[PDB]
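In structure tokens, one chain follows: the form deposited in one PDB entry.
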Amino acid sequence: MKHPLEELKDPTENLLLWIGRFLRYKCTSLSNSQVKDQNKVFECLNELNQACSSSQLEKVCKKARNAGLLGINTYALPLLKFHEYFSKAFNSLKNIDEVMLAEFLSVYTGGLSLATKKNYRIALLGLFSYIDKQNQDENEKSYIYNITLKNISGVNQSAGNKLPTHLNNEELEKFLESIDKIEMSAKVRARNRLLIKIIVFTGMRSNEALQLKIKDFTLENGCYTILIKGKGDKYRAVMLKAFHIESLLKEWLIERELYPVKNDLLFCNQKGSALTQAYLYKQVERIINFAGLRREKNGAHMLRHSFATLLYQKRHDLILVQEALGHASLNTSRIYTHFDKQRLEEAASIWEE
């Protein structure tokens, strides 16, 4: 049902009221695939109704995110920062226009990345669009903000579109060698090296590699076909030559038998559960450091960008890049064409004539 735009005497509390509604609305629409316990999310749902303060909204949203409802983080923090802006420094909610929002973005996201700025703007757009569709007074009249925020700097594409940090061909080989060269304890060496090499050789995402199942591995003519579970019982596939991981895979599978592994996980901690992104990052980063390859990004996804880049350099096949990386949009795949050596060569070689 719709509520009047101004139900409370205090516009600050009234703003908090609409934010709580919007956040609860998003909690029901956003993906809950990473949610381990749906009961916790169900608790968060009604808690967003009984929440009457900024601290409570933040507390619940953190609880929901930590439960597996990850998407809520992109909306919660920015909007609650706006409530702080609106509360500190204005009699009505109608005073809120794009000019006020511009001032808010400047003050709160001024020292933040352009990508973060966009997240704040998108969060604002969603909130006031939600308000525009859910408000209606006793006189059956609705107030329409119609906020679009088009005049804000660095909000469109190509603005702050930082080309993905990655390794080239030579740097990748040095990283591969560094995996086997860096020291690791006997308890984790086989598992960790296998995990990171699979990521390097496939461009697999972090959570994709961490949730890999053994039954999804198929070996045919020296080639592994690895199935990766996606959204809604959907599977995507990647391929990997056996000789890259063959001896290392067998070594880990033997050790794995001494682990209390659950749910047919290929990789797991000592408790048998899937490894975290935190552990995977630190294991990847220390190798990056050891290889003297430290840069703007030093995680597993940086390796993912490296594979995509290498693949285009070697094949110049846009769709092959899409299908291998698992891109839903060719816009994403087209990003890696910006590193096309053969294309860059055409321009740089004009001086040789």
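Whichever C-alpha set is largest while still superposing within 1.5 Å between the two forms counts as the rigid core. Residue numbers count along the first chain shown, from 1. First, how it differs from the form deposited in another entry.
- Superposition on the rigid core between these two forms places the CA atom of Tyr25 less than 2 Å from its counterpart.
- Relative to the superposed rigid core, the position of the CA of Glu13 differs between these two forms by less than 2 Å.
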The other form holds:
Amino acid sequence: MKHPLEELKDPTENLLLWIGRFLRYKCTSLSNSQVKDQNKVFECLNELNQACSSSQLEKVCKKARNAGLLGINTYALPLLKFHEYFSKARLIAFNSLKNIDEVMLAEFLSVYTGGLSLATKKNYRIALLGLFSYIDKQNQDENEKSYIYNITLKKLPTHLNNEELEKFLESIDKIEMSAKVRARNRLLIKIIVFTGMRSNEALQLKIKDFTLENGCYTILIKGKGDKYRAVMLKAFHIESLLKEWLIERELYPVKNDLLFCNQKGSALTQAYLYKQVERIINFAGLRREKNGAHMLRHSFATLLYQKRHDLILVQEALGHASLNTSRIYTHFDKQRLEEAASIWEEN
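Same protein, different form: I have the form deposited in one PDB entry, so give me the form deposited in another entry.
Left out here are the partners and the other molecules; the chain alone remains.
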């Protein structure tokens, strides 16, 4: 059903009401692929509708995110920040929901996104655009008439070079690891280095995703739409580690043919993987702007284009939906325009 824009006497509570409706809608529309507990999500939907305060909305959205509904985090906090800005006590422009305009929103962004990055500022703006677009489509009185806001509010990533990649690979075997985790951790990080696959892609690998032929592994990676993409790496890079780890793995209560697992048998967390990557980066003395697994992913793509000069190959290997993403790992010398002008006089 639809609701009138203003149902309550208190404008701040009415704003909170629309924010709750919006965040609840997003919980039902955003991806649920990583939801671990279906029952917690169901509870969240009801608890969002029963919420009467900002702190309550915050708690339930956190509950939703921690249950596997990751996408909600981008929308929740920014809108709760705006509610705080709107509800702030003042003396002597905030007595109605219809007073909210682009002037007010611009002021809010300026105050609340001061020491935040440009990317974070973008997220805040997107969240605002989503909320008021929702309100415009869902508010309505008995005359089937509505109030309309119409709010619009109108290069190489950090990486390791070839030589630094060599040192990093050496450091994986040179750094100290306990006997319980050394085989597993070295295998996990090296696969990421040699394939450039994402963090969650590596942590969710299965044994049956692996096939060996002519001294080279083909690894299938499950993606969106349940579509698989393939990556290849030479067997000798991980043959010794894989043989060693599979033996140790037999002592674990591992579930669903999962390759990497903790002692309990479940998949490792991003937090654990990051710290294992970062401490090796430190040991190698290679600390920079970014120091995690995705930084290694940027490194593989950069090296791939440097070695092969094939943009399509980068797209297919990295799993980019568009070549415009693959472009980020390239730089064009303007003098090379001469190569295009020379096609008429040489093959």
